[PDB]
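In the block that follows, a single chain appears as structure tokens, in the form deposited in one PDB entry.
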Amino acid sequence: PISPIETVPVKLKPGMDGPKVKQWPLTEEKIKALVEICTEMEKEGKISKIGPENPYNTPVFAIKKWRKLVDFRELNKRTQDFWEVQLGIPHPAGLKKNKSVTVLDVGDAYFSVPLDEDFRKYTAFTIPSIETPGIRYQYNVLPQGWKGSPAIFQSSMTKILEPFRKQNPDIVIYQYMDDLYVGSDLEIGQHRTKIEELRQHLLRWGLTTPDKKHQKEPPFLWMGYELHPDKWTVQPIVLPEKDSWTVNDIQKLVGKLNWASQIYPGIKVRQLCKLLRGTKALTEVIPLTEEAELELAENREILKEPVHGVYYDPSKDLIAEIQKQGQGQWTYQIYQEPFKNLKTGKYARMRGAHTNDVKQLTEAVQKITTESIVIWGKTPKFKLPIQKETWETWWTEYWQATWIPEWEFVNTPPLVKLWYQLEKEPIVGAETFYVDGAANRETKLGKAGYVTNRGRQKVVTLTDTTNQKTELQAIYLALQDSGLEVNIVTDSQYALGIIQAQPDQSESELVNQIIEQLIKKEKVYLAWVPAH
């Protein structure tokens, strides 16, 4: 049945016109199936037999008895835009625990809603012939596969829902595509009655609800998870066993395994990723290395782990703990009460041009904060592997504005620290290397070296080099040859940045080497001076 609900005024994009796409010719075996399916809709009031008046048309097809398929791709290209149909998806970690929940598949509620009469003509399609005139139609309801259908449907439901929603506050409905997720904490008797009440209310608007047959039952499969009443789990992750792995397989595998590293602790794909090196085709067969075979082995076992979590109890604290799994790799878990996580995660190593761990730490904190607010609308209390004195010393001085919401120190190694802190002033009694490097940027030939106050010196000849590389190399050598305390002067502009951001990781192998060196010194003072 159709709904006695107002239509929404639909328009075609600016100036464009209705579609005039030739009807793909079909076999007598398919025309017959369509004719039938269409006569059934016609009687349901969903479609209207129409005349030649209509200059528009959309191709209808036949797939599988048979099922009809109309291609509105063209119409969709010419149909106005709508408010994006809820782009963000609901996360299980953000569900308050209800005592009872019921799923209502307002499925073909699409066909349940009328189409702006003004617009119906653009939906005209044609059922071919065995040469002779075919049978013409046009949708009187939101078409399956049409651009605005999902949006319109959702809104329609919404209006219809406003009343009840307003009448039963102690109840919660979650709108998502074809379904409604209705939960509560009343008594199972009472809940059940409401469901029936809602259900009933819906039919009241030509919108009909499921069948004891289609009714889904817990646990529920939500984006790879299984939704159990008092907790949630993950659908089992299957790692095929084979004696022949193609590129495609390995990527596919790495894909699935990457997603698992979010929930499961210890998943690794380094050795597996290695297999992709220099691959020439997807169908290419890459034999697994010994390490690859082991990795894959240990992972098959980690997925045999019963990873599970709890639901959202707003009356309880929201806590997020973070760990540094490696340089640039961060893991985190958000739980309300110890060991009972709601959600966990890991952020892929970030390959910046230059940065430091404390910075990366705030970045993790900030992605988590934004996540939380979307999931819970609150921001967690943080447990971060960094001391308050450490944080204090870094942030107060850093050139960029930074911040971490309320947090506390949790001593769980490895801890994030400042690998080195350039001296505020020149070091007395420490050698002073005046470094410098130059190079024909074109011939890429250069030299670098230094001349300390103590008379020590050097110059190195380098081929296939840039001016930047020489300058930095100048600094590196200085670092090499110096003692645990050293003053370094340089006209390098990139060094100026180092003085400002004191990065502990970058994209240049060079810088990296310099950092290692910086880290190793007991005292270093870097001074910049203009060139010439």
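Positions refer to the first chain, counted from 1. Between two forms, the rigid core is defined as the largest C-alpha subset superposing within 1.5 Å. What changes on going to the form deposited in another entry:
- When each C-alpha is placed with whichever rigid part superposes it better, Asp179 ends up apart from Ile263 in the two-part motion between the two forms.
- The chain behaves as two rigid parts between the two forms, and the smaller of them turns through 18 degrees against the larger.
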Contents of the next structure:
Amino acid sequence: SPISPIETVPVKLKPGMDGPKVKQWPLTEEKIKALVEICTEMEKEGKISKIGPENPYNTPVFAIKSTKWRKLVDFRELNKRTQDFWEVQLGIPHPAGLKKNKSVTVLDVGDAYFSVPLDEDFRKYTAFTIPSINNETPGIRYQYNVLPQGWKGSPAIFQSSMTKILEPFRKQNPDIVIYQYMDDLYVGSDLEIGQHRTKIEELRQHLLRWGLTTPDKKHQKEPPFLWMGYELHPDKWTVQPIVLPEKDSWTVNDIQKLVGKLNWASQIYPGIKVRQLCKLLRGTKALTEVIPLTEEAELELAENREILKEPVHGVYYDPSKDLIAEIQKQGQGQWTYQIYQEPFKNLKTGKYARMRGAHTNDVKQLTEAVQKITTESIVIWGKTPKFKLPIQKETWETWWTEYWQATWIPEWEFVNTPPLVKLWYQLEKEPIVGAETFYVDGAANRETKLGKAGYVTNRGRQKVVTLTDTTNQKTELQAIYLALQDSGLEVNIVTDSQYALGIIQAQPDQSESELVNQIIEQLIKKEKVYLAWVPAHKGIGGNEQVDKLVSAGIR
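Output the structure of the form deposited in another entry; the preceding block shows the form deposited in one PDB entry.
Here you get just the chain by itself.
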């Protein structure tokens, strides 16, 4: 097993700290014997070398079980003391971003970490001791000359070395695509099943020249490749087999495992839903507690089963074509999407269902799903897709201009796939002449938690309800709600709550507050609503009236 002629990577320890000095626990005789067999074998290969107790450092060893042993070194203390390293990656490729190729080959590196050397000045800190039968003799002491299993820096340095090894070959084979992943290499090209086989062996030679053994023609894996939960053919890809078990009883754990599988499947299976299954996990219980399935959850499971009926795959990326992203409202809070280049041959699918803030509408949700997909596309393809959205340009146009937040959807086009996205009500810009002007206000006593909500109008009317466990904010929303309840199809409402105005002004059509949803229910039933704000306690006609009317016995 070759030990590679690479340059070395200068490793240090975390500033101020000295190397580990953890005592070796005495082991059993079969364990001590097994370690000697292993260590002397590694010694002859150059993997480890003998030292003496002049070297002050120690890391414990162990042996586990089969009819032969493996040696385990617990580098916990050295790992705590070794410097921080650059991350071994910033992200993992999505199959959907891979170019299509005629041939693709897997080469795993023979004995990964042990093939690459360790910095001389750090080798001393990897010292371990094989002890004698009891207290007895001083033990046999070794240090590593190669990257050790389970050591903090081995991942990064091995990967660093591999990049440097491939560099020349890459630059003299520009139309050859290679991907490093742990102790694997995936190599693809567009040349025929003849000179492609040739080109692998040129690479294998380049690797053996740098002390890395890779399987030959007869021993290398065949397509499709299982990788990180994918199946990868040279021209298509899909997620690995999803199987939703039919159970009499569903435990939290089962539902959790189901949701995870569905979430995973959703990368390529269109229309996957998980809201109803997820709902069950809220404010939960033990892993083993049986959750009775909700009717809507049962409906969701059946739908998902149906979608996963027959296998579906994804295609690979073509750099010469644009990307098309299509998005659909799947129900409440749920949004589903597909990305393709050629009509309906998907590169990948996906779902969005987030809840950005308490109160939202479909136009806000739709544009948030657009940003999520936009980021994703940059990561996977290095460009933004053309969007096709279930919303009218004018519906969108209207929302953007009037809204206080800045927004930007890249190039898109309307597509008539119901449900279509629309606003459900709109507040007037001008107060309605010949409509009843409600002045609303709330009040809440902070210690008691009691409150009053009410209104006085320009037409003499006057109501005041009492509420028991409340906050000022809730009372204002209640007061505004009252004004809508007893007003009919055309109303002016003046409030002194910016909080309240803020929520309503941004046309929400769903909330995490039941009260706010009641207000929405009322606002749609209306025909013309004007809402306006006045400052609290500045001698305003109707405002001072309701305030005194709700402040009766409360403040």
